[PDB]
Every structure is written in structure tokens, then in C-alpha cells.
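Number of protein chains: 2
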Amino acid sequence: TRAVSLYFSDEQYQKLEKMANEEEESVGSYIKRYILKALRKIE
Amino acid sequence: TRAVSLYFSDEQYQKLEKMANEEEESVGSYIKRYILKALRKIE
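Heads up: the sequence lines are chains A and B, in that order.
Counted from 1, the first sequence has number 21 at position 21 by our numbering; the numbering is strictly sequential.
Count along the second sequence starting at 1, add 43, and that's the number in our numbering.
Keep in mind the hints are simulated off the structure, nothing from the lab.
Accuracy of the hints is not assured; some may be wrong.
Said to hold, decoys possible - Restricting the straight-line Cα-Cα distance to at most 30 angstroms, the calculated cross-link-like pairs of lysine-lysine (DSS-like) are:
#1 32/A / 18/A
#2 41/A / 58/B
#3 32/A / 15/A
#4 58/B / 18/A
#5 58/B / 37/A
#6 32/A / 80/B
#7 37/A / 75/B
#8 37/A / 15/A
#9 75/B / 15/A
#10 61/B / 37/A
#11 32/A / 58/B
#12 32/A / 84/B
#13 84/B / 58/B
#14 80/B / 41/A
#15 15/A / 84/B
Isolated chain A (complex conformation):
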């Protein structure tokens, strides 16, 4: 497996949590999902 370690703050994490609560809580997976959703436009 590959290893993606980041360093957010409260605003960034809670804005991710606001989307994750619509998914019924998932924040760590939501962070990955959003990158993977962007990757479909990047390549």
C-alpha cells in the first residue's frame, strides 16, 4: 500500500466533516474520495 500523510487544521477538517455527515460520517475516506474525484479531471 502507499502512504499519504497530511496536516490540515480545524476549518479544513470541519468543512470535510460537513460533507462526510451527508455520506453518514466517513471523513478519512472522504479526503481520499475527493482526491480520486479530482484525479478523473487531472488525467
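Could you slot chain B onto chain A? The hints should help.
Below, chain B without anything else, positioned relative to chain A:
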């Protein structure tokens, strides 16, 4: 600080590394920057 460590794979990493080489190598920071760019206009 709000640490976030996640479980990616080679393609998903290398697509972000290929973008980071445009910035002249910033892999790990480019990831967060893309999410922070998207957070300005999620909707």
C-alpha cells in the same frame, strides 16, 4: 495540527507526483493544496 494519514496506491500517488513535477516537486503538499483549492467552491 490535524494530522491525516491515508492508504493510497501507485497510480493515485504517481498522478499527484506528475502534477507536483509541474510545481518542481511538492508531493504531499500538492495533495492538500488541491483540496484547499476545491474548498473555495465545493458546490
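Among the hints numbered above, which are violated by the structure, and what are their numbers in rising order? none
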